[PDB]
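One protein chain omitted, others in place.
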Amino acid sequence: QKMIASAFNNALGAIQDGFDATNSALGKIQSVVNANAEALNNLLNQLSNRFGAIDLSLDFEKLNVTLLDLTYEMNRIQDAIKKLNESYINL
Amino acid sequence: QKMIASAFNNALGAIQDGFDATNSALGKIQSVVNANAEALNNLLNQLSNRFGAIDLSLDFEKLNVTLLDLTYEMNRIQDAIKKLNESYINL
Amino acid sequence: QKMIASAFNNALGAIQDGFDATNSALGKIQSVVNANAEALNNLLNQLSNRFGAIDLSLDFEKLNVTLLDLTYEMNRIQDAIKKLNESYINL
Amino acid sequence: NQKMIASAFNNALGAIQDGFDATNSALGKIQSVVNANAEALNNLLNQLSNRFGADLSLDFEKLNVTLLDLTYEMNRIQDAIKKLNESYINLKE
Amino acid sequence: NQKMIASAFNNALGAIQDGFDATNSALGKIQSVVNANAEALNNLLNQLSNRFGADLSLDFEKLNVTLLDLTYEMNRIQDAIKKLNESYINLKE
Partner (left out) sequence: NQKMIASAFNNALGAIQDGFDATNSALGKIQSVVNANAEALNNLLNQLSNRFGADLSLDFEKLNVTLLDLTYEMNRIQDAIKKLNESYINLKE
């Protein structure tokens, strides 16, 4: 029954690291995707000006930049990691 | 043997929520990344016109926007969540 | 004790597929997000030229494109998948 | 029924933004047409004064021609459309 | 061998797109050169008629000068390149 328990707890560690790396990637993805979204939006404005400094005014009906929010997800994963913590000893 | 079984089933719930949040993030990521890709592509076309309304024609050899498709992934995760469902009772 | 062990190993397979699909999505996300980042940056340069071929010079203080790197994450997940492999038999 | 309410909500959000976009487009056309028409009227005014050099000197204290700007408005509606995007509900949640 | 076949496939996809891009670039140069040359010929025609005002009146029923458009084509090839991108195989799958 030690091999099971040991294999078990050994698997939980592995799992938590998996979700840990995932949450990290998620965090790294929101950052880049958003950083680029801002670069894009800020580019739209710098264009609306120079196409006027010269109708050459942009069509924003199809120039809508979206931002990503993964806080809800990353928190839920953190709960899972924490919950998994609830499965170990007791002899 | 209840603590094990209980710890086990307790861990599965946690796992499924982890993969659930992941699949959600994946869904949220395809949406934003694609939405922005379209905003970018639609911006290219609105530029090819105004650089002609004035060779100022863009170079699309390096202006290729790519779309992301995570359906294969999200489905596989849904299978995993479902499969995990196959490990619980039996006394 | 077979049902437990069987349910266990049955759950590990499911888990590894979950992390496998995740790592795949991560790989698919870095690719698209980066591909689009390059399309965006290359668009900035093609613009700095045509706004000069006509101060209409862009403001790069807010035109900074970022690239995403998930190698650290994807490797850690691969370790988890491998580690999980360490929990199976022994009668 | 959350899905229903949420699907219903996200559904109307789309419509609203489309509505606010259509208003912005509208406002852009108005600024273009009204200003072009003001500018032509202003040019008529300059030509008439010279033409009348044949006093028949027009009174400019009452021929004020205005113009532009709704871009403040344009941008304000543009933000609302963005903040509206931050309101879509994740049915998965 | 899936990896092999897939790697081989993705590999040729790259080459094709590069091929279709090179064709688009080519077609763009042709529209630029042929039109510029048509336009210069057309201007020669207008100058000659005036010059000959010294009948030596040119017959324009047979001096038709055409021009432009391959952008339809340009865009068509541009799509193929995109739909080609939707075909790369995920070796991880």
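For clarity, chains are labelled A, B, C, D and E in written order, and residue numbers in each chain start from 1.
Following the convention adopted for this analysis, contacts are C-beta pairs under 8 Å (C-beta built on N, C-alpha and C of every residue); 3 or more make two chains touch, one makes a residue touch a chain.
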Legend entry - Chains in view touching the one left out: A, C
Legend entry - Identified contact with the non-displayed chain, of A:16, A:23, A:34 or A:64: A:23
Inset, instruction - Could you tell me which of C:57, C:85 or C:90 touches the chain that is not displayed? - result: C:57
Legend entry - Residue ranges of chain C at the interface with the undisplayed chain: 55, 57, 59-61, 64-67, 69, 72
Legend entry - Touching residues (missing chain, whole complex) on chain A: 20, 23-24, 27-28
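Just so it is clear, only the chains that are shown with their structure count from here on.
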Inset, instruction - Express in whole angstrom the distance between the two chain centres, defined as the mean CA positions of chain D and chain E. - result: 39
Inset, instruction - Starting from the mean Cα coordinates of chain A and chain D, work out the distance between those two points in Å. - result: 37
Legend entry - Mean-CA-position distance for chain D and chain C (Å): 42
Legend entry - chain B residues counted as touching two or more neighbouring chains: 4, 8, 15, 20, 22, 24, 28-29, 33, 36, 40, 54, 59, 64-67, 69, 72
Inset, instruction - Could you please write down every pair of chains that are in touch? - result: A-B, A-C, A-D, B-C, B-D, B-E, C-E
